[PDB]
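Note that this complex is displayed minus one protein chain, with the remaining chains in position.
Labels for the chains are A, B, C, D and E, by order of writing; each one numbers its residues from 1.
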Amino acid sequence: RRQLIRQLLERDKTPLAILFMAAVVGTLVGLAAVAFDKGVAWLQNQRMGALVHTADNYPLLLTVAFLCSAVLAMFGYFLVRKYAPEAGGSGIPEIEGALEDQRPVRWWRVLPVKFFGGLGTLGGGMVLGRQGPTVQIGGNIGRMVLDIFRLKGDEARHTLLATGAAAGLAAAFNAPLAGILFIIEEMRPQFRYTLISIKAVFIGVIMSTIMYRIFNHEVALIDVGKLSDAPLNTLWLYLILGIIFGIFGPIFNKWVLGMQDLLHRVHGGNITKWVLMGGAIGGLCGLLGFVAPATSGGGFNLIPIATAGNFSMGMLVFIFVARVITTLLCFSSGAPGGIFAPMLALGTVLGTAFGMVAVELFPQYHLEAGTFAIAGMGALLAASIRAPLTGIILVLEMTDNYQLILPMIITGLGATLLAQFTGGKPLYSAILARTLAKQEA
Amino acid sequence: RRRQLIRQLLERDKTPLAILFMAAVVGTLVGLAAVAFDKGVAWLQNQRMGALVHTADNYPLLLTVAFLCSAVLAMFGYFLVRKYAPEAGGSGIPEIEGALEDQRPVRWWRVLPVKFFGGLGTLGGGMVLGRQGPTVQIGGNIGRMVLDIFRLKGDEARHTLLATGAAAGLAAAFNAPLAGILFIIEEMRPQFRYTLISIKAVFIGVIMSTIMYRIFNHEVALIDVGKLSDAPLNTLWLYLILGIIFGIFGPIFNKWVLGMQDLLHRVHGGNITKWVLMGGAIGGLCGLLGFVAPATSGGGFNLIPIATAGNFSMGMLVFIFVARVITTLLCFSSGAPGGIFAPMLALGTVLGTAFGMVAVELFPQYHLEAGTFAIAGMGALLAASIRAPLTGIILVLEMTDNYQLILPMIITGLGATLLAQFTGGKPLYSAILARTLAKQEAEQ
Amino acid sequence: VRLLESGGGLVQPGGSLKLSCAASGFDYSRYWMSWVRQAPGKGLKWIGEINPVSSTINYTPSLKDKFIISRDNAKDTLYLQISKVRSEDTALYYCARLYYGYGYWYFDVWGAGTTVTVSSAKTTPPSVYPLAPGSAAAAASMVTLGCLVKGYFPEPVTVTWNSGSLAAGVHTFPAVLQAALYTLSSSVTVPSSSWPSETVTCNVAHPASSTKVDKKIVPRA
Amino acid sequence: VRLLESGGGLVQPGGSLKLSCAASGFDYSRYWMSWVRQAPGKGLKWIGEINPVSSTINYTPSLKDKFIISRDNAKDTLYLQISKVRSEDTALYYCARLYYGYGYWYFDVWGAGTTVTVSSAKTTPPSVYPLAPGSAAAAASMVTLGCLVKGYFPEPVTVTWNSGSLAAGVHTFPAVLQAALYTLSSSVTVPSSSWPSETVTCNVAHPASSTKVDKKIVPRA
Amino acid sequence: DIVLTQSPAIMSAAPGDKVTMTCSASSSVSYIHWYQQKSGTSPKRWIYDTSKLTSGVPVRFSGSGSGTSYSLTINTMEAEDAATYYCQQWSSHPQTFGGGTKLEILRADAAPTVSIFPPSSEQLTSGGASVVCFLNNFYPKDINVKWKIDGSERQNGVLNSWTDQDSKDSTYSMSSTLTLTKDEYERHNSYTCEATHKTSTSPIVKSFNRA
Partner (left out) sequence: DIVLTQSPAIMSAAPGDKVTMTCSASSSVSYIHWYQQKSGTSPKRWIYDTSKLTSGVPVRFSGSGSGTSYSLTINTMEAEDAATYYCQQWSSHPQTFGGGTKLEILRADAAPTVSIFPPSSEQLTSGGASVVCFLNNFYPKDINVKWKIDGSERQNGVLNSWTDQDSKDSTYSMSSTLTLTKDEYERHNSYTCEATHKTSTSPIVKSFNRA
């Protein structure tokens, strides 16, 4: 007791040195998150001043529409297998591990590796997000300063590491609140009190979001517009949808996991059986991204279109499955890129469909598919990655339909409530555990 | 050691079905409760109208019954506390927050009726106390009550059912679920050692209550500022400034609330009747101001919308600020059952607004709208007094609906704690526990 | 919040009329607009409903395009097109604004009304005649005046006095039909010391006919 | 998205005119509307600006109420009242839509703008006279014709040829003012083998004067 | 689609009385609504979700019911409650309204107020000749008008029209209008209007003579 009484009176006191550093970090992360996002596009662009140039000879298209996504995809895998095996994949399992001090932060490697690396996988047209990759590029940034300024003390190692992630997650979706709720609901060492200074993170997050706004002002990543509302007599519908996500949540986890094994055999661990398999799936994607783009790429762009109800029940399911595939085959292939972003797209798409069904099922609830396409935009996060609170909020953060908060929760909750009672685990933790156990022994 | 973690990861998010199901029963109960309280409170502030108006002819007869009522009740309040649950008096969160670390008991079979009916009087009279805080506490107890009535044992189910009870409570209060969670896990939560509180458990709880609250409070919000304009990056620094101001005044308001609650102890020494009498004293006082200048009395909610709009003149603002800066202390610091969570928002709003108006005219080229500043600061006096920025920022958004202002709202609340830190001060909620924890001992 | 629907009137069997409903006093969007019609004497029958983005539109069990509800949120106006009309379509057509409580939607704010009469007749303006007391007027405390509105088609006509400024003591009997023509009278009792001395005017309006007339009730000179 | 402002015109010194600006193609609210005027030949000068809820309205250093900007968001229209006008007020008045980038606001989307002449002079139709080449016309490859439009007020006049159908080789000099009367000529060069043989008509219009005349350019006798 | 049938089609009770009207559904409904329609006005949302008075509805009114059968009640009804109540459901698409119930107020006797009116001079200037004769504010509604040209019966051309119970005074008013050709009219002198109502044994006459 006596201790506590002294501990209370000694709260929220975080060293000015730390706070000031979280700021430098946050800042850096931003400028970075930006140039990455900028570069990625720039390429997905060139891959146009390419196709169109050869838009006459069809096979010539479908050809250069493979080679480019192949030449780059490879270049990606290369800069990873030969310079930073820790990059490949999301990048969050690592940072999340590096927090508990079970993995190193080889920033002098990872940074250029993950950066330029994913610049190829993504800038080509693969089914990987760029969010995850940044969370990682983030922490390293935090590390880099820690080292370059040798301010020592757990607190400043777990703090500057965490904020670096947050800042990163933020500038990714222009979503500060998410970047924080995240670090303190997932990344954070899940089983023992820690020396991460919340306030430290904030200053970081902010500093990056500002940095992101400096170059991304006047336009959002998504713009669904104020959707209708939702009466209490249509709440149970979002529970149902939630339970569905709750059963398919762990399943998609098995696949992602196992599929990444069955994808190991093809190369055994050989740099060239990979790099070759790299621009293989890579080129594949770049091709689909000109014969049915909703199966390839980031997947963002099709969320707005999906929420509107522009996709028919047919085109939806197709787009779902197609991606249910391209996604695995791309992430599970250890390519530098995450599955955070693309998971949203799946969610959105799965949700929408559930909507349309509902709409006609009961026309007396005066539904609008659009709302279901949102109670689930982040539900496949509340089952795969089991970070509801971070999702719910990341959605709101960039969907702006707080009127749907009651549904959005009842879904995501119903999600983990089944992703639990039916096996499954934090697809992000499982990865660490595996990549942690495959370490000792 | 990595041998354990690898097993701990693969064993995550597994919360006993028995717990989850209970957090539900709890969350539910909390709601029905938070409702009836809120309902009862109004019902009285109502009667206190079918009173005045009945005697609206004889002025002194008004000002008279406009004191007696808020006095007879306020007293009844203090009474049901000093003689049945000393733990109730004051906010009630310092306790729940302590009862988490296992440093205070949860005498629910006492607190519940006490805090309930008690604050029903203090609030239902017209005092400068919120009803949110009081609920957070009423909540946890509800959680406890089930824990005891079902003797499901195990730290997890004692810290969990206690925490969700709180959250549920906080939520049904502002009809804000996200806040009720971010709160428990940014403040209430034992601040220095890993704990067995099941996040997911809370959620189900929070929800269950918000639903319960929506069942009786649909079609109408507690606030309705409407989509305000936006804020250009070149006007960002202005919210930092406002933040810093909150940051220096945050701890100060804390000294007062604290000390003032001492200087108010002398008047009664600890005597039930020197209190109860001083109770209906400030109580009756309030009920009076609540019919001669209501913006100085009562919850304060109602004047937030009016304030944000810009309907109060720079004069009327400052007056309302100060007046409340006083009625608030004098009411909370007086150990009356009622909180300072809600009324703190009012002060925030009011202080922010003013800052706006100044800004507006200061630079007309930023095309400002005081309303935004009245919002970057609605919960800033929370990010300094109670130092729970994240819970505020989100509680505000939760019920102000202007996410377009998220960048400013943060830069303020951050700047808030960034000065509430570099200048003394501490979690006005923690300090209270510490004191009421140290005074527990150091007295034997 | 005003819901004012125009358009109604006279249409010959197998015809088509575009009823309009202008909204004001609230946000047209976020709102599900609908129509419900009341057949003279009978009850109400829901016609259709058209959500905000007009991405949804339902009607009662009625064939193909008897009805065609639409809306131009750019003009906050609700529309209704009835084609191949028949006598069963003669009724009062209201446009409501839709909302809900627990969720089982209700008709929130019903507009004024607009009438559609299906008939081969001719839109016939009305003749308004002043009903002043006789020469043997036993001018007592109160004086009953009134004006007669006859020979018009179709319904309805609106009779007010001194422009509504005189509303207490007013009467307007239900119109009686006869020989494909309508006829009604309006009563208005005022204080005797208030009438001859002042001006008692009766203002009749017949929308269909597109006419308005103000008859000045003058003593029987 | 369109910004169309009417109202301008002719006003006598010491007068008052309500300029109107109708907006369409975007949400009028959320938008700060303003006016800026360009004096013939000179540059632009900001007049005022009025925020959405019209809870703010600023003008340039101008006295009391020379200007009175207001807006009726119910009609998505921006207004401007100028009182006690003087020659300095004669210019083209534009209403812009206001936005910003980093935060240092800019005049986003402009409109054609209305002209406002402030004079004593009286309006006045114009006289149109055909400018055919002399009798000693050295009829070469190309033949230059043209018609003179003089003695009219106020601006402007519109001169086209053969109804626009002849747009290549056309000229319309700026009008010169003199003795409270305007005067301009229009040039139109065409192939000699194309003129005498065909019909070269010059069509002048003076909206204010409410007149239209077509002068047929015929060879000098 | 659901068939809502409101029980009493028409009913009358004296103010301060407790009145209750039913509304049964063919199948199963939930959260019924009620609209009040007074003469001359579009419906007004009264009660909803089975028992939520709308902002403004006197606390005199109360909603109730469940699944198959619902009701609406007025504890001590007032005269201003005279109108037609419509229960409606939308718990099953497409929505459906009830047959309606017409509330009528019972009050004490309240004898007419006749008024005879000589064909306007302007109407006569077109062969028409309408002899209007009002009967304002009486109760009950049972009233008999009878015309007498030059002291003689007459039923041809006579047209009557009653108004609906007044929302305030709860009285009725009815107009009787005899129509004739300018000539048919001109060839007579006495035009009497006789009204017979409960409030009296000897009818109320009111005539005028062209002479």
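Heads up, the rule we're going with is that a contact is a pair of C-beta atoms (placed from the backbone, for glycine too) under 8 Å apart; a residue touches a chain by one contact, two chains touch by 3 or more.
K.L.:
From the list D:23, D:175, D:190 or D:200, pick the residue that touches the absent chain.
P.N.:
Only one of D:23, D:175, D:190 or D:200 touches the chain omitted from view, namely D:175.
K.L.:
Sort through D:11, D:44 or D:205 and give me the one touching the missing partner chain.
P.N.:
D:44
K.L.:
Considering the whole complex rather than only what is displayed, give the residues of chain D touching the chain that is not shown.
P.N.:
36, 43-46, 58, 60-61, 94, 101-113, 127, 129-136, 144, 146, 148, 150, 171-176, 178, 183-185, 187, 189, 220
K.L.:
So that we can see where the missing chain sits, which residues of chain B does it touch?
P.N.:
Listed in rising order, the touching residues are 363-365.
Basically, only the chains that are shown with their structure count from here on.
K.L.:
What's the farthest chain from chain A if centres are computed as the mean of the Cα atoms?
P.N.:
Computed centres place E farthest from chain A.
K.L.:
Averaging over Cα atoms per chain, report the distance between chain A and chain C in Å.
P.N.:
For chain A versus chain C, the centre distance works out to 60 Å.
K.L.:
With centres defined as the mean C-alpha position, give me the chain A-chain D separation in Å.
P.N.:
Computed value for the inter-centroid distance: 57 Å.
K.L.:
Express in whole angstrom the distance between the two chain centres, defined as the mean CA positions of chain C and chain E.
P.N.:
The mean C-alpha positions of chain C and chain E differ by 18 Å.
K.L.:
On chain D, where are the residues touching two or more other chains?
P.N.:
102 - these are the residues of chain D that touch more than one other chain.
K.L.:
Which chain B residues reach two or more other chains?
P.N.:
218, 233
K.L.:
Each pair of chains that touch: what are they?
P.N.:
Result of the pairwise touch check is A-B, A-C, A-D, A-E, B-C, B-D, C-E.
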